[PDB]
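S.K.: With the sequences and hints as input, model every part of the structure.
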Amino acid sequence: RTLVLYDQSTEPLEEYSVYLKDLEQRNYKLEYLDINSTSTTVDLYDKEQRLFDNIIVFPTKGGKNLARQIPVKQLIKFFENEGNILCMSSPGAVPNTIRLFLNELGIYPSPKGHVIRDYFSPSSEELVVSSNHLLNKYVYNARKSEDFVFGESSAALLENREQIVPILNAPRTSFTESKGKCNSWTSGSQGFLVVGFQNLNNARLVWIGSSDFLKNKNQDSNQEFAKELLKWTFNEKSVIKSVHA
Amino acid sequence: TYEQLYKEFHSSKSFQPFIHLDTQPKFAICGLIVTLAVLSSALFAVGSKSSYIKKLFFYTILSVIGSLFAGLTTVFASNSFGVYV
Amino acid sequence: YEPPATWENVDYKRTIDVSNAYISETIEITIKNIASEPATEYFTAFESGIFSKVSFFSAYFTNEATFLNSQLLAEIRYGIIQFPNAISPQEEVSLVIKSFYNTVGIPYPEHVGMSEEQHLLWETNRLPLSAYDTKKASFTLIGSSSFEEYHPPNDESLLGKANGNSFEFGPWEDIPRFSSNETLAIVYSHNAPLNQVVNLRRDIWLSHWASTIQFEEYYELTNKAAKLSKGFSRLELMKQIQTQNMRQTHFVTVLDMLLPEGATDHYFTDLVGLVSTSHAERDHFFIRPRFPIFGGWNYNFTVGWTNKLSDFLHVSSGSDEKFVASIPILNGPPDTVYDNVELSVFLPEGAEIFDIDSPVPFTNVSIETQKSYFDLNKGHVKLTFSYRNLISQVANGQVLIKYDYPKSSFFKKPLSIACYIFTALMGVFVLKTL
Amino acid sequence: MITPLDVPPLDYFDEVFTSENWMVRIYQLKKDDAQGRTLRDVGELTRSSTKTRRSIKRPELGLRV
Ligand SMILES: *[C@@H]1O[C@H](CO)[C@@H](O)[C@H](O)[C@H]1NC(C)=O
Ligand SMILES: *[C@@H]1O[C@H](CO)[C@@H](O)[C@H](O)[C@H]1NC(C)=O
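For the protein sequence lines, the chains are E, R, H and S, in the order given. Taking my numbering, the leading residue of the first sequence gets 1026, the next gets one more, and so forth. Taking my numbering, the leading residue of the second sequence gets 406, the next gets one more, and so forth. Taking my numbering, the leading residue of the third sequence gets 10, the next gets one more, and so forth. Taking my numbering, the leading residue of the fourth sequence gets 2, the next gets one more, and so forth.
Take these hints with a grain of salt, some might be off.
In silico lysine-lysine, BS3-like type, Cα no more than 30 Å apart, as pairs [as the list claims (entries may be wrong)]:
1. S:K31 / H:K233
2. H:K317 / R:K412
3. S:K31 / E:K1072
Worth flagging that the hints you see were computed from the coordinates, not collected in a lab.
M.R.: Structure follows, in structure tokens:
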């Protein structure tokens, strides 16, 4: 089932085991795959036959490797055929193929240089997002207030259509400031940090705007949120069907 | 038993038609002429003023013949036109 | 249910020919009897899926041309073979079985352009599925240019050996009974149009007055080949036929009906009227549909003709009023497959059936009456058979009807019209004299 | 006279039949896009694939409702 892309150079997989093990304990059969070591490409379709049902794209640093492995015109055709997708990004990791694919969906992530920052924060060292910013009850509804840890996040702009499902928000004060003299990508609460998307065929994509959200070093603050977002992404939390009309 | 029916099939003679289909239009026209050359006399008899019993008799006696001839022309003509029997 | 183990296959070589749009299996087996009371039986094993669609099952000795009483039964299922003479307790006899299935491989890519070649995928069992212990077994595929496997097994022994015109398999020295744990799947090239007649109903109108027998058939034809991607485009079609590329394309452009010896008054009709692209040469009726039948397209049409009656009836010997008719059961395109056949024979107004025999086991037989032109009482006598699975050129038989038609009812046909005309005249008389 | 550069492409319909003499032509409506894009964008993405590249441009769009 699930496929797991990663890049040892950018982010080692050893810091994401806790969640993938949690997937292996729920009957998922996931095949690990490297980005550069394997010169041979992976085959999502063979003669109009979808092989895998899920994809997890851990952070990468662009390059021609990813672009060879899964081009846009193939990833769109895979996602359209009821193939769920998880996708991560960060100002240190912005794959061009991912950016173009998301732009084709309707989500616009930030570019490489731009990074979000918030001066009104309890912890100056990294980003702490309050649990009051949850925007969609079906994905995750906070039973009790908590603080999700993010680090060097990158907010995204959203178009105005009926499929996009905002899941988290950025604090109103926060703003993206790039190194160069480029205009701020997103100002205020208009910038979203975690964004879902549901196809018309009930396929589901989830974009997480930080590489530090799913790391195993942060499992005391945002454990339940991640374990519910990974359930929603793989079509096993909120699925509805009508039996007799 | 398929074997014995298949044995009886080949042994027997073939089918000889009663009146060949090539000479049926001739009988069709030669009966169409007669079946109206007679059925006009029927209408003349019924129209003519005479005894009722004699009218009935000379109507039915030459109406039965016209009936038979028409009922035997309407088969030859139907076969000749391409709609068999 | 398992049959009492009584025989041992001392040789088992099977060949499958996939060259003519239906799987034709031919197994040659030498068989030995277990030392016991002489038994006269044999149970060939068909899988429950394949057995649902099988249209011909014969079995004969190699030495003797004559066949045996091969019969199907009524979750592995079985077919019964029975020998004329009881086999000795310890004897060795060769035998050959021929089966004709009705399933062809599905198109593998399923979306091909109208100029590309299509490949088909078929799923069978590698190791022989028999009800007895087999000693030696070999498997062979023929009838295609190129073969390939699909998810091949790691074990080298279970791997096909390619040949120039065939795809063989290595002989296995010892195989246990009821072994069906390996589902082989193989792809092969095939460029035929893969016709399939979803419903055929053919009427045969006997007639003694005109002495002609006329056939009328109503085909519902579906192409099963790989559908075409990007949709239809007349530009590509009319640009490829102007080059020499109409060799063995997988869409139907012209059908070739094979009629009886001397036919006349051919016609080819369609639901929306008359089709003018037909051509009747000697003993051959070429038909061009309105549109070329690509993969997945349906065409329903009608075709009819007329024959002399002297070739199909025979008057009996003892009496001159007992007739025997031998109606052909199928004559259509060269290699099709029929999923339903409804054969109706319309004997004349006053016939009365005495015997009915068919060379292929039918599903249902019934007798009714249906009125036609100038049928003023009880019409014609319709006798309808319903067959289920039939092949085009190997299910060649002749239905034998035996009836009687007395002259006391041969001449009632003009009298039944004379009665109406006489009644009309005697009514006009009363209406005019009153 | 008609030149092949005249007729623009058809993005919302797709031809499904046309007679031998091109007399009657039957087209079919395309099913709406699954991702919600306008079919003209799909068309411009499939006909202009390699050369239509822009480095970085902040999209101008109304605030998410
Ligand atoms: C290629 O992948 C290996 C995997 O261990 C990694 O160590 C290495 O840094 C990578 N090189 C790159 C991305 O240039
Ligand atoms: C066979 O045909 C007769 C005639 O209509 C029908 O009554 C009967 O139900 C049929 N039986 C089967 C098994 O098809």
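S.K.: Does each hint fit the structure? Answer for all of them.
M.R.: Hints, verified against the model:
1. In summary, the hint linking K31 (chain S) to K233 (chain H) is supported, as the alpha carbons are separated by about 25 Å, within the 30 Å threshold.
2. With a CA separation close to 22 Å, the supplied pair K317 (chain H) and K412 (chain R) stays within the 30 Å bound.
3. A C-alpha spacing of about 23 Å is found between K31 (chain S) and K1072 (chain E), which places the hinted pair at or below 30 Å, so the restraint holds.
In terms of the numbered hints stated before, the structure departs from none.
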